[PDB]
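Coming up is one lone chain in structure tokens, specifically the form deposited without the named molecule.
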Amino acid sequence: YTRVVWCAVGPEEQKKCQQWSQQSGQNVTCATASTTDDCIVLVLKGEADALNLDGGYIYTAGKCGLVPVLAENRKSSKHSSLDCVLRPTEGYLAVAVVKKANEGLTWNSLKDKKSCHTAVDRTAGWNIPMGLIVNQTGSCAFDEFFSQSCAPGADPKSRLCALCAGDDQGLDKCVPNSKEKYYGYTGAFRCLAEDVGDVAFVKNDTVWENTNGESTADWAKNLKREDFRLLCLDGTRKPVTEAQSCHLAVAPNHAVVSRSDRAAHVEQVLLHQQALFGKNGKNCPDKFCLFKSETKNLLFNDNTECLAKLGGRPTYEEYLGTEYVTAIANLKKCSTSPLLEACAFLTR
């Protein structure tokens, strides 16, 4: 079985993956599920092989035995010309973000406001913010800390899904895939933009990429960096350029995961795949661009140069950073989920 079956979360991702299968002559094939958690289960069953994952999902899969194959990697300023696949990863910034126009809203007045989150269990969208809010307030009731949210993946009869828009017909509110208008990085920031929420937790890179003519997408052509601000943990606010000084935390980059018995096959298949279709591969754009989704972030984030190598053969823990595994761990004392419970024994 040479083919690497890839896991597409949601129908929009499934289409780009069907495309990739066709271009790759079945070097890659598609399986899908509605959610990432579901996909992780296919990867476990052996029904799929691999998929690229936010660091928080990496911890879920990590727990269930899956391991990290190659990290997503983006442009760089520091050391900005060693080869992409061997150049170390620099992480990204998880930020709290607001309309500038609104005032009196700051980290310390967040309680009882309205939130837009990438989706539940994700790193910047969720794990970091809710992480801190737990440590600070000192209670496990983050489900009630904000007045309402969009938090795809949460309980959809609950308040954390109260603000989610669903798709075009409004079907499937709160399903944590790209058919939910406010899903993921782009989704969250848009939930902010349309004033459905007060704060939105995202990465620095997400505001720059959807303001000031960078997206030519109806919801975001006219958006202006000026109209937004970043809450720091100071109590303070700064514009988006000071993100380095105004960020909640540093996050580990998305990364591909698979089963260990499938890691090397997958890593190799992918390295060739990116050479074919990656940022500067033979066939991109003449044929297929693996890293472009028109700002919809499918399979991969659109600002990925290449998938890069990892020091040794790490585990979720080496890969994520021991500092983060604890932040996630401690947040997770306040809530259970099917997959961590079902897999808890593997890692005891």
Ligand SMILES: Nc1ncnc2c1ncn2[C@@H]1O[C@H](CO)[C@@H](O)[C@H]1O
Given for the second form:
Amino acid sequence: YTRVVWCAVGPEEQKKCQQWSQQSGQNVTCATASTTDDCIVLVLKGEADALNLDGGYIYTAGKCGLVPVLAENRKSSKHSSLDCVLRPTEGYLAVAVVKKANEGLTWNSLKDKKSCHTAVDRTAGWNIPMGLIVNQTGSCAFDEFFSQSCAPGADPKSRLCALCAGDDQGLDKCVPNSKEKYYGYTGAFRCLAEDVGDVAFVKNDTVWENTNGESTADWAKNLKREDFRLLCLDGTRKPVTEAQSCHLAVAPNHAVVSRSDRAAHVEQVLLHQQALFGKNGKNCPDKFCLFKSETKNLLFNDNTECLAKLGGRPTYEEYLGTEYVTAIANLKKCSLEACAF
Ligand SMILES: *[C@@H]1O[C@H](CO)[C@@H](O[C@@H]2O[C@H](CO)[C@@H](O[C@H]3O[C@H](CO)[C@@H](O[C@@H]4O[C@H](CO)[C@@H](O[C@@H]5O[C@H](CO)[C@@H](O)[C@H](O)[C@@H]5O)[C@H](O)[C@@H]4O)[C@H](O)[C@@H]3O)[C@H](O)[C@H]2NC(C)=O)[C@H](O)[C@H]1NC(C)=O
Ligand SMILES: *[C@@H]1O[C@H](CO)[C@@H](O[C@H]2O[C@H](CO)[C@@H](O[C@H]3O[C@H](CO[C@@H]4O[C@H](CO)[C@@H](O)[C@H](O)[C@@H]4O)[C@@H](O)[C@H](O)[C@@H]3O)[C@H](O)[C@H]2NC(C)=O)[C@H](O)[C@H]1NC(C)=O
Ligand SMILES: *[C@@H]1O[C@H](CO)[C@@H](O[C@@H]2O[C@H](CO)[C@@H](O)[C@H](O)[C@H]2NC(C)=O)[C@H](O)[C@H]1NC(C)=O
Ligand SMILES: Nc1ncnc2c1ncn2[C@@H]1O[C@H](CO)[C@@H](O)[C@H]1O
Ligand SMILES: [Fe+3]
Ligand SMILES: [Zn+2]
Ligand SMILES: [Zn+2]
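After the form deposited without the named molecule, can we look at the form solved in complex with the named molecule?
Starting with the chain above, the whole complex follows.
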């Protein structure tokens, strides 16, 4: 009857997907690709049905005619009465984080310092910070601003990949999937924590989830929040508790995309799947939890409370908002109607 094919990016997501596939009685199955771009192509071809994406990729996917189905929703103070599935999403804060110990480093002295990015083309790790850097720089030269970086998905042999480490044994350097040690929110923050870079571009949640005992990963277990600072755009430095006054931008939540002709079908099965393995699901802690992967953010961010319905039936532009959509257009003149494929 109603069977959905999920697209996993890399071997670790593949493994989580296989687990979810087993436990769902094959109501969901898995396709695997090496990168997000490749997963998008599988969906266009019709060989995969769906995957969850950061806003940067929702933009790529959108030009290709894919559509947002459901969005990640995390815990909230305000909007509290409403059920998670119906509650509007709040977005996330993209911030630039540094070590307190690295004094006199401000937004205005980042020139030729070392940077850690989640990946190329992602919202907090790339589009926002580079969008800003290009704009206040006049130059589309973003690859020469930092002396060295880890920016997964850039040319392996460039300075933008210099700080990337690859895997266990040094392979897959700078691949934009979790084989790369410094990939994604967790990896970029690890890049800073281990003093590989001077600055990481992540979101506010990442700092709080890998400090003060929240993570039990060994590179993060001794980390303290007071040891970091946020860099604000006004040239000041603030404690991490101040993200609401010291952020680069507010980002649209990650969301599930699918081909438009499959949207309804994909929506139905996942609402059912989340009842079963979601945050309150018939079986989260006993058999399987869709929203956990021990801080690795596999398939979905681990802080996800549920996947929310989008009311207003957004096109991908409305979903990303005009604000962010122009930020991307502008950045992309550097490196108007298209679809990468
Ligand atoms: C940056 O990111 C970090 C990490 O995401 C954010 O911090 C996280 O924020 C969440 C919620 O925003 C926080 O949740 C904890 O909060 C309390 C602590 O015990 C727990 O339960 C509480 O429950 C009650 C009711 O459910 C409620 O209090 C009530 O408030 C009303 C009205 O104000 C009042 O009448 C009474 O006082 C009520 O009791 C609270 O809302 C609260 O939820 C939660 O279950 C949970 O433990 C996370 O702990 C926190 N994450 C971490 C790891 O620290 C941060 O907000 C982001 N900042 C910015 C700037 O956006
Ligand atoms: C890099 O550099 C460019 C240079 O501007 C910048 O591009 C864009 O900057 C503006 C921000 O989006 C954009 O202005 C448009 O937005 C206007 C706002 O709409 C108004 O809001 C009110 C408030 O509630 C509403 O009532 C109502 O919707 C109202 O219209 C809108 O009026 C117009 O569409 C404006 O054009 C500007 O057009 C755009 N400029 C260019 C060159 O495209 C990028 O954002 C910069 N990049 C980064 C990362 O900052
Ligand atoms: C796989 O598909 C369906 C999703 O609803 C589930 O089986 C359904 O169970 C209900 C109630 O017993 C029936 O009304 C449906 O008709 C059943 N589906 C069909 C068409 O056979 C089943 O739970 C799902 N598997 C899991 C574990 O996710
Ligand atoms: N509190 C907020 N302030 C400003 N913009 C927001 C906020 N919440 C969500 N957004 C934006 O709404 C857009 C989706 O309509 C997203 O791009 C997101 O950036
Ligand atoms: Fe993101
Ligand atoms: Zn703001
Ligand atoms: Zn509309």
